[PDB]
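Novice: With the hints as extra help, turn the sequences into a complete structure.
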Amino acid sequence: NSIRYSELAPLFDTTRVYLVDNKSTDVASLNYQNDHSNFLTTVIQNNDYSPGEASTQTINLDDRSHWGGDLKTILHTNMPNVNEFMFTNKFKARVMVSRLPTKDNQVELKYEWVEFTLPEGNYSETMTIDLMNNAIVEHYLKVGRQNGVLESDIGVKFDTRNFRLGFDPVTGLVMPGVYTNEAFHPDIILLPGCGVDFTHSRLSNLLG
Amino acid sequence: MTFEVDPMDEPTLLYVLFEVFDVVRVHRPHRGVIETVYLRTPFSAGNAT
Amino acid sequence: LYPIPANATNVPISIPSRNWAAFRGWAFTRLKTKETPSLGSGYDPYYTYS
Amino acid sequence: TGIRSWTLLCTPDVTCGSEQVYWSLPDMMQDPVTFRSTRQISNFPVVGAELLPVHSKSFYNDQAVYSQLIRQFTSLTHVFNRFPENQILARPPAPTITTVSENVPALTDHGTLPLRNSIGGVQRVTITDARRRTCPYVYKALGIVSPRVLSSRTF
Amino acid sequence: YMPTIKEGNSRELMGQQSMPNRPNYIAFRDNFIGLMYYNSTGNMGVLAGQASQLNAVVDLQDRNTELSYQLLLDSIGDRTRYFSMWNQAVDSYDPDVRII
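Protein chains in written order, with full-length UniProt numbering: chain F, 53 to 260; chain R, 903 to 951; chain W, 653 to 702; chain X, 417 to 571; chain E, 302 to 401.
Keep in mind that the hints were calculated from the coordinates and are not lab data.
Don't be surprised by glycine CBs; every beta carbon is placed ideally from N, CA and C.
Accuracy of the hints is not assured; some may be wrong.
[Claimed, not checked] Here are the simulated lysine-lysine pairs, BS3-like style, with alpha carbons at most 27 angstroms apart:
1. F:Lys124 <-> F:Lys155
2. F:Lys162 <-> F:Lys144
3. F:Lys209 <-> X:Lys556
4. F:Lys124 <-> F:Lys75
5. F:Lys75 <-> X:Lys556
6. W:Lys686 <-> F:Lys75
7. F:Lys75 <-> F:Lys144
8. F:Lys142 <-> X:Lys473
9. F:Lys142 <-> F:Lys75
10. F:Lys162 <-> F:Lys194
[Unchecked claim] Pulled a few chain E residues facing chain F out of the computed Cβ check, cut under 8 angstroms:
11. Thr342
12. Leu361
13. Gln362
14. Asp363
15. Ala390
Specialist: Okay, structure coming up:
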């Protein structure tokens, strides 16, 4: 049971060894490019030695006994809601890209799956959906205005209202004439030739 | 220890190479098994003691 | 290794209280800090000499 | 035959789900049953698993939509609502049960794993995300180990 | 020597001179030093049984293998000869240039 270290006297069973991160500041060199996610730390603490040294000595547990260790870990992070690493800042949505009359006076409506980006960091649900709509508006601004795409025919629009609330089966329309402004659940509004993709995007869960 | 050296206008390091003993014993009992027993005495590090 | 500031002349160092069994001897030299990269690291951000 | 056949409406989450984050101590703890020692970060043996310390919390403003209009006027800009009048494209009302992400501190327990007979001076601690990609968002980490005897090897 | 800082063709520019640039060679080290990672606990070589688990290479942070090879190599045989297989050509200065 003799768990022994070189300089000090041989300790007996059930001691403690600590893996902390500021010890990283100490053998700085070793982890010049590492983060708290993965790092090299000095377990050995003796106070005699300067912080840099004493990191080469090894703790030995006697070979005759098969040693096992308990473990308790402490973790506390800060991850934003929208970020590049967690596949939340990007999403693909096919939209109308150009509306130009042809020689036969027949209008031609092109389409293109264009990837979008969101400033990382915006957080709340409302704001997020709103931002996403912002990006769409943006694509139209960059290209529709240019190729002459009317703002009426924006393929993709996000909303949370229940459009059939005022629906009346007797007539087939909405008698109040305005959709009720009460949010229910994130949903997507599409137009012919447009759509949404989430193959390599995670905001799916947010839209629910 | 106390060293005394001539001045220079740029940072310098002094490298003392404490000489020591440092050996490895290679133990290979079965096919495809290697066990090493390190040792470095004046600056203790390794397995045996 | 031990740092020596610019225009320094005296270099006191201390080796704290170890066992000195089977110790063999010493060997020492002086090096320029520019030309000695910080080994052990994958990449040295400041090393600018070759 | 509609969309309901292959889609499920779930409650929205700011966190967009949660990923289990694994723990790796390649130089101290003996590897698990089926893993093999390797120096790839991605594959470092998994000696512990716990949920990511990020969860949603529920907050309720019911006056929400009103709140939103307040929000817009205070904003000083129409921006988000660029086509005010058309009903279809108007700014969607804020949900009354909106949720906010939060970074709860985590302090987990992992029972016991066999560790190497000779621990080392520079042990390496590694936390990996789901796909074994190191997570850049971890502010502190700390490991506590209590070695104890388990069995002997001398008959 | 650049006579006049004015640009474009001019008589002063006709009066200029030249000088060859300094020599500067580039190659690998004496024994491919630094190509293989040594004495770096972050990036350490591993050699064990495929089957087993414990590595048989333990590399401390403060040991220096490079220098050692460089010495042994000096001890076992001459270094003045050049072996092109591992670039084995020890660096040396011209003794009539080090001292004047």
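Novice: Interface hint check: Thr342 (chain E), Cβ to nearest Cβ on chain F, cutoff 8 angstroms. Holds or violated?
Specialist: The hint holds - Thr342 (chain E) has a Cβ within 8 angstroms of chain F, the shortest such distance being about 6 angstroms.
Novice: Does the nearest C-beta of chain F fall within a distance shorter than 8 angstroms of the C-beta of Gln362 (chain E)?
Specialist: holds, 6 angstroms
Novice: Does the alpha-carbon distance linking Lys124 (chain F) and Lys155 (chain F) stay inside the 27 angstroms limit?
Specialist: violated, 74 angstroms
Novice: For the pair supplied as a hint, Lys162 (chain F) and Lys144 (chain F), is the alpha-carbon distance within the 27 angstroms limit?
Specialist: holds, 17 angstroms
Novice: Next pair to validate is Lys75 (chain F) with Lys556 (chain X); report whether the Cα-Cα distance is within 27 angstroms.
Specialist: Answer holds: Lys75 (chain F) to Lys556 (chain X) is near 12 angstroms, not above 27 angstroms.
Novice: Given the hinted pair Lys75 (chain F) and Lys144 (chain F), is their Cα-Cα distance within 27 angstroms?
Specialist: Given that 27 angstroms is the threshold and the Cα spacing comes to 43 angstroms, the pair is violated.
Novice: Mind checking the alpha carbons of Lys162 (chain F) and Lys194 (chain F) for me, to see if they're no more than 27 angstroms apart?
Specialist: With a Cα-Cα distance of about 15 angstroms, the restraint between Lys162 (chain F) and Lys194 (chain F) holds, given a limit of 27 angstroms.
Novice: Any CB of chain F closer than 8 angstroms to the CB of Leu361 (chain E)?
Specialist: Holds - the Cβ of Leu361 (chain E) comes within 8 angstroms of chain F, reaching about 5 angstroms at its closest.
Novice: Verify the proposed pairing of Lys209 (chain F) with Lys556 (chain X), using a straight-line Cα cut of 27 angstroms.
Specialist: With a Cα-Cα distance of about 40 angstroms, the restraint between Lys209 (chain F) and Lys556 (chain X) is violated, given a limit of 27 angstroms.
Novice: Using 8 angstroms as the Cβ threshold, decide whether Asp363 (chain E) counts as touching chain F.
Specialist: Holds, about 6 angstroms.
Novice: Is the straight-line distance between the alpha-carbon of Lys686 (chain W) and that of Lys75 (chain F) 27 angstroms or less?
Specialist: Holds, at roughly 26 angstroms.
Novice: Holds or violated: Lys142 (chain F) with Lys473 (chain X), Cα cutoff 27 angstroms?
Specialist: With a Cα-Cα distance of about 24 angstroms, the restraint between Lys142 (chain F) and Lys473 (chain X) holds, given a limit of 27 angstroms.
In summary, the numbered hints that this structure violates are 1, 3, 7, 9, 15.
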